[PDB]
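In the form deposited in one PDB entry, a lone chain appears below as structure tokens.
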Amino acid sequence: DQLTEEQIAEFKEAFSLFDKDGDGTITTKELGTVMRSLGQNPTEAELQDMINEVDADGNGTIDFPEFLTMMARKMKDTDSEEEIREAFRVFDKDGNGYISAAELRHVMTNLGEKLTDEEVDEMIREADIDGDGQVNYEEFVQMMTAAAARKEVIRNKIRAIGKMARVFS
């Protein structure tokens, strides 16, 4: 659990980006100014929701350690949504927005992932929420977010493909 003196400076930099007056805390106003500069236009209310999720001491503002938490939570969530999406892309050959049992079977076999056709058929059956025989994005996401589970092995194979697809391409 070390800590590079640089990595610290970076969190300091992210923090100062929000704390304009530099008193050590992040007020809603401050969060908003930044938020707008990036895109969204959250309401005095929507902003408060962000604070609460990290407000450890519940004093209304965001201190460095709390921001640190928020920072991480989002770094993880953002990184995740990206590799899952990237993976979806790698599977949805035709790009029509679905993943036919063919697309799935082929990719997994072409990567030397070694998965019995049954396991692949099972994978689909389980992810197929609406039962249309294919996997849409929502259903793919769910599958990568959810006992006698060897489905965990499959998820790790897929997370790697996603991560790889990003890192490279």
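Numbering follows the first chain given and starts at 1. The term rigid core refers to the most C-alpha atoms you can superpose between the two forms while keeping them within 1.5 Å. Compared with the form deposited in another entry:
- No residue in 70, 26, 127, 120 other than 120 shows a CA shift of 2 angstroms or more between the two forms after fitting the rigid core.
- After superposition on the rigid core, the Cα of residue 59 moves by less than 2 Å between the two forms.
- In a rigid-core overlay of the protein, residue 44 has its C-alpha displaced by at least 2 Å between the two forms.
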Second form
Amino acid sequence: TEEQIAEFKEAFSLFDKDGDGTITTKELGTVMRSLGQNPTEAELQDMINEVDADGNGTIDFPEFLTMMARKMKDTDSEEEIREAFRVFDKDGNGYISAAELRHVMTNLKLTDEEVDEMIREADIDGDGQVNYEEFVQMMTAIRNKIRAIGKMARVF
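Next up, the form deposited in another entry in place of the form deposited in one PDB entry?
We keep it simple here and write out only the one chain, dropping partners and molecules.
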């Protein structure tokens, strides 16, 4: 609803370099490299195949929109997870320690024994602390506080 629609049409036309109303793998490749990516040919087929519901090998306007929705939803979620990670990981060393987890939980009350336990639940590789991979994987199937930390920190 609205002129979201002019935005969508602008977005599509930036990909549809020839104006014919479809985006090919080529077209996609060319915009992607201007964005500072270097996608392989296989990467490009697959972004086409996920949204190619009519099977024709290219992306039209409702397919592109679905591609946008899926990609918007997963950038946003993954950006907020990564902001919440950065919030806990205050020394920037790539791992959430128990003292870091505690400090953050507090400032927003867990005993040391409690926070060791939160870690153990998420600590797939056994090293006593929570890396990015593990944080990601905890955030998946409260949490909800963490999720709002990540959104908020973003927006701030």
